[PDB]
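K.L.:
Here is how the chains run, residue by residue.
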Amino acid sequence: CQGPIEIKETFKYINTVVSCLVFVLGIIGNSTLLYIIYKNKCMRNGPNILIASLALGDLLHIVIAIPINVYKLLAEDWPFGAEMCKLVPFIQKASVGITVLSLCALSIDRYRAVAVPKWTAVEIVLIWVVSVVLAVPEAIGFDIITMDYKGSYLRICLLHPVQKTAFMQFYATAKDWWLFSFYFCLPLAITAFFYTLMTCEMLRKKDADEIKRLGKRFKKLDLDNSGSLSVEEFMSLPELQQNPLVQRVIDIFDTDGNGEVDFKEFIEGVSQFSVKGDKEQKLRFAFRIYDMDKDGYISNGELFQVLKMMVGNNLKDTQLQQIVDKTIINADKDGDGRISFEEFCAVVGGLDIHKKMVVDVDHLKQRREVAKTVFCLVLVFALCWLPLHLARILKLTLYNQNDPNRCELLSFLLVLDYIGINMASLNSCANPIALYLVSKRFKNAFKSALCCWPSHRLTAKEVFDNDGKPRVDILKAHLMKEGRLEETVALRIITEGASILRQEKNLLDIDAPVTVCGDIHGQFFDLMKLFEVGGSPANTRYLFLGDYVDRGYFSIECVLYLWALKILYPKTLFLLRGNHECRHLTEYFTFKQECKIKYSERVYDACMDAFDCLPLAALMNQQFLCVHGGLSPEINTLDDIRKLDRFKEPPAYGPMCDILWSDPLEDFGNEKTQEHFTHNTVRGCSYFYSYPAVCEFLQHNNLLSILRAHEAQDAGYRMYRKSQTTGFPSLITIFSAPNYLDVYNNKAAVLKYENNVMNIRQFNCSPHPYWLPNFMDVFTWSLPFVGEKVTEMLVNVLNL
Amino acid sequence: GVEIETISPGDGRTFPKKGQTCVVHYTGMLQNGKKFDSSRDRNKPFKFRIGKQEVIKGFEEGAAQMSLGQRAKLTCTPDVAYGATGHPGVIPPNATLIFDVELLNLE
Ligand SMILES: C=CC[C@@H]1/C=C(\C)C[C@H](C)C[C@H](OC)[C@H]2O[C@@](O)(C(=O)C(=O)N3CCCC[C@H]3C(=O)O[C@H](/C(C)=C/[C@@H]3CC[C@@H](O)[C@H](OC)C3)[C@H](C)[C@@H](O)CC1=O)[C@H](C)C[C@@H]2OC
Ligand SMILES: [Ca+2]
Ligand SMILES: [Ca+2]
Ligand SMILES: [Ca+2]
Ligand SMILES: [Ca+2]
Ligand SMILES: [Fe+3]
Ligand SMILES: [Zn+2]
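Line order of the protein sequences matches chains A and F. Those letters in the first sequence? Residues 90 to 204, 214 to 551, 1010 to 1356, per the authors' numbering, in order. Those letters in the second sequence? Residues 4 to 110, per the authors' numbering, in order.
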């Protein structure tokens, strides 16, 4: 005829432009949808993972079918091989297989609740495999046969007019009937049949007797019978006058902010605490406790004021503030200085607090928002694939070429057929669009992900200068203000410093003058207090006798600063190994828990590689032997330590453990027996070494005295009995941790040696910021108390 | 399951009573000797009231058996502690706790 010529040319540019709009919107809309699901841990869900399956299934169709489908239109030829031709319809008819079946699974899933989990994984795989099996017929029949237009040999993909088997012949004749049946009749029947049944089930026994039950109490609590509950009337229960969170919970109940709660507001709040309540909404009530102004975001000052109520006078105004900044900084994944509900999930997702917010009620009536998307996604699919199937049916029933005015009827059909194809492609780029416009939960996540795309971690360019030498002033000031470093730079300091330790001998040669320092145990703010007492590390030699970690809350700052100081001054700062630098103790104590919270698990592994390279002992000016612990039964001469293999985790027995764990006797210098070594009951391993053991060892190696650590001293030092041979104190213990464990209230000391003069310089504790037990934040700290208090109120309000 | 061991004696005449507030310093450590919390770290005491279940039943029973100024070591078995649930982030499940508590004042 004459109709199709102009229609085909008219839609040649219309079809390609629409496919471009689908491509641009589809590639960014569907990809962002996947990026939302895995980043946000509350968005995982079970109905929200099938939606991600829709986007992944449609993305594959967009990146493969649409581009080459465009090149069919513009070129009117197939420049590709036969293998590509069987790939075009196979995937296009497979993607609608996932789209159709997922909408069926989503419908069944929602009726399941009304009537990634383990049973979810089978649904995703079963949907995908079943869809692909039914897309095989397209892949079988497509090939390049039977066209020759005016002597021009052109390659065009089409269904084979003659099939290898009669089964495919049946498929070829009734291809539209099979497309209309399994892909249109099957989903729309299943999705609607379960939704029709869902509406009937929800309608019946919705109000039930429960709303009648709560109505009995609501009038009773309303003393003035004003139809609404005031704050004063909530104070009328003796059991609530001592609950600190009643004023907060009333704010959630009072939705309109008029200061008083009516019956409809009362019923809504109780529904949130039902036994059938879902995880995501109970976490929202806990979120609304802190969010005072109902702006959806927890701010620094609002988190403090809420906590000040529950904490009471158990903490200072400064201490409660200090953990609030740290909680905000660590939980703020956006850097906006405030916490949203998505960030609130990442903190308390695995705390299982929602299992405590339980009362004895039902009828959550929350199935409105979640099921709107499922019925809207089916709504979008129905209104996009409806025109295409309607064109084919029009051909089957009403079209007859025997009619005189046949051309006019085909004119309307071919215009609609091209439109039906264009709308059918639109469904591949429409599902993210509908979600962003329908659901609040997806809307907020989309705003943050796309439109929105001290807490500052120091960067490698700032800590290191152009020569690779770390700058101590910058690193000290930032660390002292609770600052942290980049994950890579933290590794760089530990690894670069550990190499310097690797080259240095087991037995150090240290010349006077030098400062000897004892245990630090993570007391970073006490560590800087040490440095002014002994002098600047640049021009004063320091010897640390071990114990850099554990028992404190700033262990990583002590490690980073000392290892950073090791790099800048390899020849004037000397580090020795203590019993806490091993995997055995840090698992037991808090160093590992610190590394997980503060930097990562990978930084912790790097520390143990460096902790293995730590020297065991040092020889001080050829008269003093410096060691963390004491002597060993298996070591009689200094060269014995030189032969040891230090690049390993210390064994539970042997010379190395005896070096790092041995203690002097309680009656040292006045022992009742002459036994040199006895089992150490206090430590549980290594040995006690007595006064005869020390003097023999000093004389045999021509040594004057021994400097050690590893024992707490009230004055920071302890001068033991003087050796008979030299008249000098045989053993000296240096403990440089002031107010050790913040319970001992002791003093710390550093030993200054110069001009053969023995000097002891003491210093006291310094103020340090406050960390909660196990480095936790205030949300983990308080939610067990929030969940208990709100449950105590709700049960007292309702059950009476 | 509450065990009380005396560390330093008090006056032996004054005891906490129902309805009034106890002011104590406490040091909470696990059965293995690992410390997790203590009020002396904060340099302020801990205030709680007898009979309103502000603390776990194990801690409350021991504090009522202490005299004014007395300091004693308390044992908290899981039945009179956080039990099988524990406390998220501090206490491993089914852990026995040891508390070193000093009674300063009563109101
Ligand atoms: C900011 C709001 C929270 C609010 C926090 C404070 C006022 C600061 C206060 C110094 C608590 C400490 O915070 C640094 C910290 O003290 C511990 O370290 C601790 O040594 C401990 O065991 N103590 C403290 C001393 C009294 C005994 C016991 C306790 O009775 O603690 C109580 C406790 C945990 C009750 C649980 C609550 C959960 C229920 O499921 C469970 O029901 C069985 C009972 C505490 C005092 C609550 O009444 C009050 C709070 O929680 C806990 C290991 C965890 C606790 O932080 C939570
Ligand atoms: Ca009223
Ligand atoms: Ca109201
Ligand atoms: Ca706010
Ligand atoms: Ca934020
Ligand atoms: Fe130590
Ligand atoms: Zn030590």
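Don't read these hints as lab results, they were simulated from the structure. Note that CB positions come from ideal geometry on N, CA and C, so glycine has one too. Possibly wrong hints are sitting among the right ones.
What the hints assert, rightly or not - Straight-line alpha carbon distances no greater than 30 angstroms define the calculated DSS-like cross-link-like pairs of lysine-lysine that follow:
#, chain 1, residue 1, chain 2, residue 2
1, A, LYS1037, F, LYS60
2, A, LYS414, F, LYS21
3, A, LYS1345, F, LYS47
4, A, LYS424, F, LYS76
5, F, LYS50, A, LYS1345
6, A, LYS1303, F, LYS60
7, F, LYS55, A, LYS1152
8, F, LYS21, A, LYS424
9, F, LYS38, A, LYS1032
10, A, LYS128, A, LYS318
11, F, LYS47, A, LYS453
12, A, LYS128, A, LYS1154
13, A, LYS1154, F, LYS37
14, F, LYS55, A, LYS545
15, F, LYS55, A, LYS101
16, A, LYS318, F, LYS50
17, A, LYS1037, F, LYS37
18, A, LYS377, A, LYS414
19, F, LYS76, A, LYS392
20, F, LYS21, A, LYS1148
21, F, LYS37, A, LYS1303
22, F, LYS76, A, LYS1037
What the hints assert, rightly or not - Computed footprint of chain A on chain F; a stretch qualifies when at least three of its residues, placed anywhere within it, have a C-beta under 8 angstroms from a C-beta of chain A:
#, segment
23, 9-21
24, 59-72
K.L.:
Does each hint fit the structure? Answer for all of them.
P.N.:
Each hint, compared with the structure:
1. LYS1037(A) / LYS60(F): violated, 40 angstroms
2. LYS414(A) / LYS21(F): holds, 27 angstroms
3. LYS1345(A) / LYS47(F): This hinted pair holds, its Cα atoms lying about 24 angstroms apart.
4. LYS424(A) / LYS76(F): violated, 33 angstroms
5. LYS50(F) / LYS1345(A): Answer holds: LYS50(F) to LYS1345(A) is near 18 angstroms, not above 30 angstroms.
6. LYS1303(A) / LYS60(F): violated, 37 angstroms
7. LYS55(F) / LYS1152(A): With Cα atoms ~37 angstroms apart, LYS55(F) and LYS1152(A) exceed 30 angstroms; violated.
8. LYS21(F) / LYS424(A): The given pair, whose Cα atoms are some 39 angstroms apart, is violated under the 30 angstroms limit.
9. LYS38(F) / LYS1032(A): Holds. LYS38(F) to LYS1032(A) sits at ~29 angstroms (cutoff 30 angstroms).
10. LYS128(A) / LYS318(A): Distance ~47 angstroms between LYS128(A) and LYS318(A) Cα, so the pair is violated.
11. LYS47(F) / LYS453(A): violated, 33 angstroms
12. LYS128(A) / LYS1154(A): Distance of about 20 angstroms is within 30 angstroms: holds.
13. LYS1154(A) / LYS37(F): holds, 21 angstroms
14. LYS55(F) / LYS545(A): violated, 46 angstroms
15. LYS55(F) / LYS101(A): With a Cα-Cα distance of about 80 angstroms, the restraint between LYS55(F) and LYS101(A) is violated, given a limit of 30 angstroms.
16. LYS318(A) / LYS50(F): violated, 35 angstroms
17. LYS1037(A) / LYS37(F): Satisfied, since the Cα-Cα distance of roughly 28 angstroms is no more than 30 angstroms.
18. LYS377(A) / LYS414(A): violated, 34 angstroms
19. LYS76(F) / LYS392(A): This hinted pair is violated, its Cα atoms lying about 46 angstroms apart.
20. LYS21(F) / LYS1148(A): violated, 43 angstroms
21. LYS37(F) / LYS1303(A): Holds, at about 23 angstroms.
22. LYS76(F) / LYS1037(A): violated, 37 angstroms
23. 9-21: violated (count 0)
24. 59-72: violated (count 0)
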